[PDB]
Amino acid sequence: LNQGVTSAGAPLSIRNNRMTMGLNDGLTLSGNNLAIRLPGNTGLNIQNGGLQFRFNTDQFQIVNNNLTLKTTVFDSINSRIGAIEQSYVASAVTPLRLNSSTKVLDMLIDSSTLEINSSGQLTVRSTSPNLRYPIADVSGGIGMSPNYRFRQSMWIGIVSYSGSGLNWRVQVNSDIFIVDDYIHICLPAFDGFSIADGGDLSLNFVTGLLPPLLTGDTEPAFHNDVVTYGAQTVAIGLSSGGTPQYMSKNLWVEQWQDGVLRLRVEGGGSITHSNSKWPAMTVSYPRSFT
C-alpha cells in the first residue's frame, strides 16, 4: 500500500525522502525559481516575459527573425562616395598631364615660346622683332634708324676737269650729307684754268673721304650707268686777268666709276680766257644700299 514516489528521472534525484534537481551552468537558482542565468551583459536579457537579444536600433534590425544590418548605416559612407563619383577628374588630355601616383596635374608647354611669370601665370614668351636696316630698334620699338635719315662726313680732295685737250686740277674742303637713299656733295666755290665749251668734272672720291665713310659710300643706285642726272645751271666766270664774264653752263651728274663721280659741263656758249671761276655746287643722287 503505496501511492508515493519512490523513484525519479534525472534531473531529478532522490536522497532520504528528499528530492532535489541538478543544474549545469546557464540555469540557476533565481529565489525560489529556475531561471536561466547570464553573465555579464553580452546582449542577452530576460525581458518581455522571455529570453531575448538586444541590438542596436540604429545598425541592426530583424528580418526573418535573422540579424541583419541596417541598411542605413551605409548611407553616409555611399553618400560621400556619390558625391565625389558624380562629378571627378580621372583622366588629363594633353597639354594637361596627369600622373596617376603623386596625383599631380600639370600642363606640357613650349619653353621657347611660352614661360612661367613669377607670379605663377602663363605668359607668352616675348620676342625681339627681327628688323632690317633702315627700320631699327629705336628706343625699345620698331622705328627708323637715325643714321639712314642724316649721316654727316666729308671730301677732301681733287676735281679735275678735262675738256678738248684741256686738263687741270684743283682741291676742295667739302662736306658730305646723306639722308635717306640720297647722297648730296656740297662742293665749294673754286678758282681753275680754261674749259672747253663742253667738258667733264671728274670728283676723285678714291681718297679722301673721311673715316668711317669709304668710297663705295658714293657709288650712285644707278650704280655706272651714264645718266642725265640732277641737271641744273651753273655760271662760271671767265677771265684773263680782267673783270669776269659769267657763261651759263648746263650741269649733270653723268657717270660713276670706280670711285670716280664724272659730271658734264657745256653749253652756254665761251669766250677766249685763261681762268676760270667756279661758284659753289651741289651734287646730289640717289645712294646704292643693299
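Numbering follows the first chain given and starts at 1. Between two forms, the rigid core is the largest collection of C-alphas that superpose within 1.5 Å. Compared with the form deposited in another entry:
- Here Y133 does not count as shifted, since its C-alpha moves by less than 2 Å between these two forms after the core is aligned.
- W252 is not among the residues whose C-alpha shifts by 2 Å or more between these two forms once the rigid core is aligned; its shift stays under 2 Å.
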The other form holds:
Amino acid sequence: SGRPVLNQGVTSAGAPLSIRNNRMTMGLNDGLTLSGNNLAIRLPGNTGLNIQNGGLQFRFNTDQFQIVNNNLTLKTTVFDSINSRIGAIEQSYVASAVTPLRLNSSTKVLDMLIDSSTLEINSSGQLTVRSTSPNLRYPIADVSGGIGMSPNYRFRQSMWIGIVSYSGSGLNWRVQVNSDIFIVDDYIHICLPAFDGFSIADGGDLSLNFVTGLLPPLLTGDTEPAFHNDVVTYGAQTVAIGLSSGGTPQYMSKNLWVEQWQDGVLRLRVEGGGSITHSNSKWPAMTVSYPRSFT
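The form deposited in another entry, contrasted with the form deposited in one PDB entry above:
So it's only the chain below, everything else dropped.
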C-alpha cells in the first residue's frame, strides 16, 4: 500500500488555521486578540462592555436601566419625579375662566372685566363702587355733598325798576317805581313802594310792565304765574287810597287783586269802595303775591 509520499500527523488545515514553515497559526480579526497565551476578546476603551463574571457582559446604571427578558429596559423610577410634579399641577389648576373673569391663553394673564361708570379700581388695587352723583331735578340739588333743596329755590331777591300804568273809563296815566322782588319757594312777591297817581275810576286796571326793568338774573318770564295767562281773582285784598283835588285827601277803601298776566305785563284789578270827584290819587305801599310758573 505504497503512496509515494506518506503524510504523517497534520499536513493541512482550514482557515482560520494556517501553516507556514511547518508551524501552525490562527488569523485574528479586530475584536479577537491574545492575552498571554490565550485567545481573548478585545474590548477597547469604555463602551459598556466588559469581561466579568466569567464572560462577556454589558454594564448599565442600575438606577436608570434594568434587564427584562434579556432586554435593556428603562426603570420606571427615572420618570416618576416627573410624573408626580405634573400630577401635582393636574390635580388643581385654572385652564378656563368665566366672565367677568378673562384669561388670555397666549399670555397666561388673568384679568377682570368691569364697568367704568359703576365700578373702579382704587389706589390700593381694590375693586370698589364708584361714588356716583345721583340724578337730581331742580329744585332738588346737590347741597354741600348731599341730596338737598336748592338755596336758589328757597330764596332769591332782585328788583324791578319800571312803569306802572293805570287805565279805566278814559282815565289814563303812568308812574315809575323801584320795587323789591322776592322769590320764595313756588311764589313771587312784588313789593311795590307807595306812589302818587292821578284820577282813578270806580273800576280800573293797574298794569306792571315786566318786559323791561327786571334786574339780572331775573327775566320777564320769571314773573309768569303758575296759572299762566288765565283770568283770576287771586290774592284779593283791601287797599286804602287817598283822593283829593289839592286839598285834604279822602281815603277810599278799594278792592285789589291779581287778575291776569299777558306777555310780560301783570294786570291788577282795582275797584269797589266809594267814589268821589278828584284829580289826584295817593297810593299806599302794596305787596302783590302769586304762585310762580315752573318747568
